[PDB]
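Fit chains C, T, A and B to the supplied structure of chain D, relying on the hints for placement.
One letter stands for each residue in the lines below.
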Amino acid sequence: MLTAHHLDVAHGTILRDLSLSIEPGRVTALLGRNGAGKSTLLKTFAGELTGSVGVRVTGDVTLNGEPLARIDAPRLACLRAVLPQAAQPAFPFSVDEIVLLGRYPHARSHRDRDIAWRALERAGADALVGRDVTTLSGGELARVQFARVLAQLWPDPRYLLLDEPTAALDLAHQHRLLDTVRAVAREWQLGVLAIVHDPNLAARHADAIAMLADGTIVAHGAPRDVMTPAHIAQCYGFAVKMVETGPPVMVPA
Amino acid sequence: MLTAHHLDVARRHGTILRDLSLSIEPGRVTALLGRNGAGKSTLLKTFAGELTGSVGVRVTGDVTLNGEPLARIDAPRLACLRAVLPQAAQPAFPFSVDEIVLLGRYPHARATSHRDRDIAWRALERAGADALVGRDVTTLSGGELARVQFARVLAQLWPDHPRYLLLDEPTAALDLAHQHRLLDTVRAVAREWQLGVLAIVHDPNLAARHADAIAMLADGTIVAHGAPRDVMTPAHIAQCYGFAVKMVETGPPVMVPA
Amino acid sequence: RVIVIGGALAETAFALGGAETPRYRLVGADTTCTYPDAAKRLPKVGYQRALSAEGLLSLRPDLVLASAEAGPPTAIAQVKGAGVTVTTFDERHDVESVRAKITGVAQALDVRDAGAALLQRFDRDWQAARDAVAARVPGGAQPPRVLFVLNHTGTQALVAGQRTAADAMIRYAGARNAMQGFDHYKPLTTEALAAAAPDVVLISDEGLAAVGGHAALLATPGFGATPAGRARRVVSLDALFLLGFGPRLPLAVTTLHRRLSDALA
Amino acid sequence: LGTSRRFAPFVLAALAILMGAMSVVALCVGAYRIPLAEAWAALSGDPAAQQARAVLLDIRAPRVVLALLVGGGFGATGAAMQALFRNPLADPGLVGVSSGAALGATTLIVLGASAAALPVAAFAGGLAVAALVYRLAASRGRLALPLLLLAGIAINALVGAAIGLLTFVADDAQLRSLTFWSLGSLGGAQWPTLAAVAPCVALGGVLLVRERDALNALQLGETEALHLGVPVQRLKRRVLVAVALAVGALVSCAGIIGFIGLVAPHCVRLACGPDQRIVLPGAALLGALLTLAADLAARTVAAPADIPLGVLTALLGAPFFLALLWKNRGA
Amino acid sequence: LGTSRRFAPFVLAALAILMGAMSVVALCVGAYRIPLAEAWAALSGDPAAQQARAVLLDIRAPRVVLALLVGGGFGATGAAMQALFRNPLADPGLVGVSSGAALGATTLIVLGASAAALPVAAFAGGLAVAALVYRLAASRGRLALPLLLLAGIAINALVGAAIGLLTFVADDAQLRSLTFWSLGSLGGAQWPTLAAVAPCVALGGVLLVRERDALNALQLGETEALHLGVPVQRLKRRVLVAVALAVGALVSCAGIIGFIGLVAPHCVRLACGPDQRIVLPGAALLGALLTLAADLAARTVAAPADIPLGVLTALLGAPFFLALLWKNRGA
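Protein chains in written order, with the entry's author numbering: chain D, 1 to 10, 13 to 55, 59 to 113, 119 to 166, 174 to 263, 267 to 273; chain C, 1 to 55, 59 to 113, 117 to 167, 174 to 263, 267 to 273; chain T, 41 to 305; chain A, 22 to 133, 141 to 359; chain B, 22 to 133, 141 to 359.
Same shape as in the complex, but just chain D:
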């Protein structure tokens, strides 16, 4: 699995004695407040901090039986992909050029051709195949980068790391991106870890939840177990009450 054990990083130490593991088929949501390590946790699982960064990491994070540190940048790209929160092209690539870059780490070609287009449909961007990226709404752009990251993990157990992916998307697409991702996670034996801004969205869509308070993981388990007023008050510094439906939803008391 993708597993960090007693993961320490640091200029203070931002993220200390963290132990957590993501396994294929399961969607973990990372809850917590800004600048408390969530972004750094994802950067550690990505390997951005362990091949050749000046920051020191201790303990180890193991990607399916082998430490990160001992995995090339290319080899990784075939085992793991990341969706950084957002980014704009900076050159007028078309959508098929950008999506096609998802197959970059697979290199010796119409199958890479094929996988591109099917991932744009799945992410609901097929109607955009010919368009220029510098002419896209923040939502069309996001659906394209989702197609590109999806095109990278296929193969015919991989790890999808989501850094606040739904942000700035209209409401219908937030849920339909998270629905897609769980379908993707279930159908492939693919592992999701996703940072999310709204706890209610993490309750709605994550099969596992990790709450990051202090610099350390303070709660872990299914939504029903972790989404409690006590856990949220300590992790978020904020008075939360709990209400049921025909899953739970949180409202400030």
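Do not rely on the hints blindly, as some may be mistaken.
As the list claims (entries may be wrong) - Listed below are the simulated DSBU-like cross-link pairs for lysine-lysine, each with C-alpha atoms no more than 30 angstroms apart in a straight line:
id, chain 1, residue 1, chain 2, residue 2
1, T, 120, T, 80
2, B, 355, A, 264
3, D, 258, C, 258
4, D, 40, D, 258
5, D, 40, A, 355
6, T, 84, T, 120
Please keep in mind that the hints were generated in silico from the structure rather than gathered at the bench.
Leaving out everything else, chains C, T, A and B in the frame of chain D:
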């Protein structure tokens, strides 16, 4: 009385805001809802008279604040009637927190201290950034920066001895606790000055929670308006957001999918 | 205390009667004054075309003899503004331009009689210089075509057209300037060179050293496939000696005519 | 309550002190045989030192004051430009006024000429190209920040080629004159010149210092500046004119001088703040102090040679750009 | 599945055509209007005794192939440089390689000289400053984009002061012969110099053409390119070396040539796409085309003198800068 009446706006090729009419009362808080780029950023841009104030875009209908059209109001004087919070960027220079907030007193001038300097200090405190007065803004987090910019706009409308506050998605990138504290202030600022708020917001739940008035903007026109209880229905949300929604009750109501 | 700007003027001043007479003492010059040895000893205040007045005044002049090239105007004005008399001379590339420097410097230094001696020697040797060249055109044919190279820009030569010192010196030696159709200095094209089809390449000692010697000059692009290049016909001379247009004009012209004639034996 | 706009008078006062102190040392050096006793005797005494009475009033005095005006002007225009583009890199030469001055000046070295009609060629040549750059970039009427650099360096090509033509066809005296005159030098400073220059830069200053509170509300954003009712487009005009007038006046007789526009306002932007009320004074003082220091190091480091001071103010930003990097490396 | 830019080979073949075409027309001119009958006994065998060998094979043909090599060099280096900085303005002279060559070349010309040592003064100069700019900006091992430009321009100031100092002490043969080389010229083209260069550039293009797909992954973000497993630091290094070589080789004998690295790769990008698989070939074809097209007016527009082609490729850029101005100014 900020009132748009039969407001129509277009940038080629084709309209974006069509045949709108909204009015914003002093003391009440209107939350703008609706899909992204259905025109709310552009609605707000008209209410400030951005697309009117230039001494290439087509606007018709009339927008009037407190009895006079937005066209005929000199911009520096409109800066004394209306302030805008656009979710900012980090500045380009290391202004301290005080310098930035102080720029909120710019439309009130003839140097300009100290009464304008005293006001700035209370805005930070009211906006919860007091312990930051000396810091360099570029060293700040997105949340500390946001509260400094909320101090700077407040420090611009401070009466002391009816004004219009226009918030472009003011809580985005704040923590839960910080979102709600900002909207609670905003409602208190709106009540104790006879001040009028227009706020875009991305959580329809925050709009039922903190807006005394709601305008739902789908298609480019306003398709629902009024109190949260009247507006937050599955029917309105389904057409405005293209999304299945069901209402839930509490000891205000919230919105849940499926 | 007199300061002189311009190598030929320094030659003229010394040619009237040495470093110091009862009437004057030369106290400074620019770097281009390399002949004779009395000029070279003089303290220098920079190249003739770029000057600092406080440094010029540091040589404590009562008078400055300045060539037409002396500058910049800002520097000269600062010196004039300091109360030093500054007399500027003209350059016309011909006997008349030279005679005015001889007689004019003698007037400025108040040594009229010495000037009359220098002018008479110069002009008599000058008439002989016209006569020695007229005795035989170099090459025994019509006036030959000569390219004068001032310098090189990498592999590209800078050549003298008309309104140059070289144009006048080439004509005085009984030859004809290979470059026609433009004035002053300009980079040489292989096209210019081939059309000019020079029979002899004339160059300064400094230019010959700067390009790397005789063979380096002839391997320059386009030089090999010309009458001068096929014959490897090069003449070098001291730049100040060849181009200065001073009291050594009859000897400079006579020497150039000789070296052209030897090259075309 | 609050706060830190103090410390600045201490750095502005000490700047005013160090500016004058340096002026005296600049007064008190020439070609090396001259002591203060006979210098005081010249300026305030009998006609025995009267030859030194010429220099200290006709040669040195205009050279020093030119260095305080070129220095104060380039620093102060730099502060304004960089407040305008919200970018601490913009030099006052983005209008194309440095290029057009270089051209106007070099288009007269091959014309007809002389004499005092040259700093009018460079001043009119510099002004023309700046009104050109504006007229392309301006929309009649809005303007836009990157379109001005687009049109500014579009013409920078044009000019620089008209130069490259001129320096090709130009004979030796003309080619020498150019190269050094583009490196810049105050070895031409005399009283009547800078009596003509000064009322421009001092005028360009006073239009600026009056805009200073509007430039503060620009640094936090062109759209919010618009919301505070600063007429962004008019101010842009007025900065551009006043800096085209000052910088045009100043390059016309000092040549192209750089790195004072980049170093001066940014060493006082680190010392205190970016607050335009405090940066524009402080930048003209440090700008002056520095160039005077830089010049006197060209008067005297190789006397009697007069180094172009473009050689030296370049030797001044090189350590103090590499400093800048030393402290910004990550990331 | 379609759909794509299908135009792309058509704009590469038609560009391949025109570069050949223009090259022939470049053999068919100019001054010393010339008849080729002898050339066939001169190349190999024909009735007429050696005559046009002299020019056509030794003079003309080296300059055309030099113009092709320089134009494909600055076009192709321009493509990979701007793909690197994600910025369409990155000219390949940000390594300090144009500065470094300029100093190398002017340090030889002023500090005795000979011939064929000047290229290697420029070449060794061009490489040494590139490594200096790198050794400052990098931090063993990752380097950072804005730093390289900072260390780049600090040393640019250093090397440029050393030049303004060198021109000042340099006599008149130095000065005119200086400026002309810093404007750039192929007037001194010769066979075993483009046999000396071509193994450098043609080596440089091939280190570049091989990293073309890693360069495509950059243009969506230096971090997501990292998650695609491109080794960004190595990539930067390989690119930055290859261009410092090809540009260091090409400036050595051509001088300072401008606006090809900006114009050539950008006119192919509005034509087709930013796809580096097709921007590298085309930017070479177009860049070569344009320089050979502007040199053939350096020789010929004013005869018999070579305008430095710098004056001409500057004449190219100004309208195509003034062009994309007009393509950008809506709202």
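Outcome of the hint check:
1. For the suggested pair residue 120/T and residue 80/T, the alpha carbons sit about 25 angstroms apart, so the restraint of at most 30 angstroms is met.
2. Restraint check for residue 355/B and residue 264/A: the C-alpha separation of about 23 angstroms stays at or below 30 angstroms, so the hint holds.
3. A threshold of 30 angstroms between alpha carbons decides the hint, and for residue 258/D with residue 258/C the separation of about 19 angstroms falls inside it, so the pair holds.
4. Taking the CA atoms of residue 40/D and residue 258/D, the gap is near 24 angstroms; set against the 30 angstroms cutoff, the hint holds.
5. At roughly 29 angstroms between alpha-carbon atoms, residue 40/D and residue 355/A fall within 30 angstroms of each other, so this suggested pair holds.
6. Simply put, residue 84/T and residue 120/T have alpha-carbon atoms about 19 angstroms apart, close enough for the 30 angstroms limit, and the pair holds.
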